[PDB]
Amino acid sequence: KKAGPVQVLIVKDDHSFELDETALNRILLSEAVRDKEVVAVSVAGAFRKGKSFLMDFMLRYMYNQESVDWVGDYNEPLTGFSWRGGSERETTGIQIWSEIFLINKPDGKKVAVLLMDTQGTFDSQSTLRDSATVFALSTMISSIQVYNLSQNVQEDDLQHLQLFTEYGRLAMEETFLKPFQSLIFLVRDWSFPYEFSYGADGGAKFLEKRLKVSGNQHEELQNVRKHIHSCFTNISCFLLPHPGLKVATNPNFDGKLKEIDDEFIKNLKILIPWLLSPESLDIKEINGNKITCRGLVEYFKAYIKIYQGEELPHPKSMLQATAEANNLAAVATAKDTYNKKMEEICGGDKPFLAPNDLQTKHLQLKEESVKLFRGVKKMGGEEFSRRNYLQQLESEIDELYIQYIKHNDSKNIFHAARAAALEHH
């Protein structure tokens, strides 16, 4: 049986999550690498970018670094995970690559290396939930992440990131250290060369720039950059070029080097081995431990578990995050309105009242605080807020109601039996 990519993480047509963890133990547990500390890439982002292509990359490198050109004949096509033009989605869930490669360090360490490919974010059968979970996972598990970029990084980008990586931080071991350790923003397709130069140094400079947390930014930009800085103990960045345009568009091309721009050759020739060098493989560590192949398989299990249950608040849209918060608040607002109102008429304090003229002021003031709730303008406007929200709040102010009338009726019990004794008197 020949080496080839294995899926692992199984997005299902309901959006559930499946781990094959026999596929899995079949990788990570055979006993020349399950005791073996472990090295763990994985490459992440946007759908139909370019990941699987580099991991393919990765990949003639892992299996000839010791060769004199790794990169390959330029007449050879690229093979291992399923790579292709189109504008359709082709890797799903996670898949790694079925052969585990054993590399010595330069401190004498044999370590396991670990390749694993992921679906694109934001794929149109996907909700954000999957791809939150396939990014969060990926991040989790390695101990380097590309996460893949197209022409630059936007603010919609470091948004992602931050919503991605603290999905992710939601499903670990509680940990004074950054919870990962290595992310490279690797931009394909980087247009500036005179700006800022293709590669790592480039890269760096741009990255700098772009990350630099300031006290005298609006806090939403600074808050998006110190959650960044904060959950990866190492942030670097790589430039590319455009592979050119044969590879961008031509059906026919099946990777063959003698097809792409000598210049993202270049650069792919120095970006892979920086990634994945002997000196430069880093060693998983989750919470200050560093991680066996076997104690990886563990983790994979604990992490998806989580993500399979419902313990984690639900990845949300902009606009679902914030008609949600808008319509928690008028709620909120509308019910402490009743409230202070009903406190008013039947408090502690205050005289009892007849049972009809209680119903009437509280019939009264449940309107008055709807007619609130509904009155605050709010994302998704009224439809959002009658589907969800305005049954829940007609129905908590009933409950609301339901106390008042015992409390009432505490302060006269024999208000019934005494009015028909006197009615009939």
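For the two forms, the rigid core is made up of the largest set of C-alpha atoms that agree within 1.5 Å on superposition. Positions refer to the first chain, counted from 1. Compared with the form deposited in another entry:
- In the core-aligned comparison between these two forms, the C-alpha of 127 is the only one from 182, 127, 280, 98 that shifts by 2 Å or more.
- Once both forms are fitted on their core, the CA shift for residue 138 between these two forms remains under 2 Å.
- Core-superposed comparison between these two forms: the CA of residue 173 exceeds or equals a 2 Å shift.
- Superposed on the core, the two forms barely differ at residue 57: its CA moves less than 2 Å between these two forms.
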Given for the second form:
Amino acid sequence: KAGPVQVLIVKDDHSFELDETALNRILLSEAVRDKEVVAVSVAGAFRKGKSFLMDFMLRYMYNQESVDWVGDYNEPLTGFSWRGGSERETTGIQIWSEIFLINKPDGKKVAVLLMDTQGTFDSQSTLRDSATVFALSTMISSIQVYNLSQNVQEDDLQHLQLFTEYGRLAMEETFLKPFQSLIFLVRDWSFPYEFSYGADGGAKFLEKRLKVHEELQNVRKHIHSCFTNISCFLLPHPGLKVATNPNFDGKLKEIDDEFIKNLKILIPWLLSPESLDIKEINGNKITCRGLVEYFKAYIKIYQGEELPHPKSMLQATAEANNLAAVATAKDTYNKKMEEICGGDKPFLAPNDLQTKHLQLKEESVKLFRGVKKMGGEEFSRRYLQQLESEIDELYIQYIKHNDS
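Next block, the form deposited in another entry, ref. the form deposited in one PDB entry:
Here we give the lone chain, stripped of any partners or molecules.
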């Protein structure tokens, strides 16, 4: 049980291929499908400590109610791990086979999806092979941890140029900020005396970096408009044993103390009850079901050799936004029906179980027509149809079962 399930692959021919089956298997499973989702992503350069940090996100996700979740100092780091099989820089994006169910403060039993997004952001594998995944995971995440080395550099901000172009359009269309949280995680920070480790120091740091000369890095002037939350955490260097090694055999004892001290505040600061942010688009809390719709949409857009036109992107999330309002209606109805005549439920009367259908179907039609939909009036007629012929095919399956 549990492990990385490479979902979105980027093959040698600029082709983004999405393995739907594995994806449905995880997100569609009957335990989670209906719970609202928190989609946490860590993006950024390969070989910068991502896997490492993620294995520690797991140590916490599992052993969440126990102070010593960091593990046994005099034993070798031994959790599930994300670095399981990396024979190469397979530059796509994997997610954690197991979802996690947790209770936020106010009560909602929400679900938590972790996604490691590999890329390079370096050589020629960038044009359509880096800000492509990064683009991807951002769109669908609710929390993006942008894992950087030593400093937020001009070239790091450059990769956001895309998101601010798209976000500006989504904002015009929707009147809401496009994205949720963006967390700048700076690793091996080594000017404690200039800005303290952790979030407070990070906040002052990130304020200085983002102010305002410089080229077309007026990503500066628009980021903020795009995310409801940008924030920053300054992590220490892990000591030389960790940094000097391909695979890190040693024990927790061998990691630097001031790194452990801050990692211990870092992980709960990101995950954990109050910190979690439910995925939200055009005002609509996405669910685990709903979120498969977005994956599906954002993946037939990143096909070809050209990153998409911000205009096509917007249209991708409109299709998804629409396909999701449909998916809930074909479930609001479905659940209400399973009450009037499901399981060992009684009754009958065709002439009667018809009006309770036209009833609930009309109720469910409003539910849809009302959901703030994006795309526009005509664009979503296509989906009003899709809806009705699914509630109707669901009806049939109830007439059949009703007969007794």
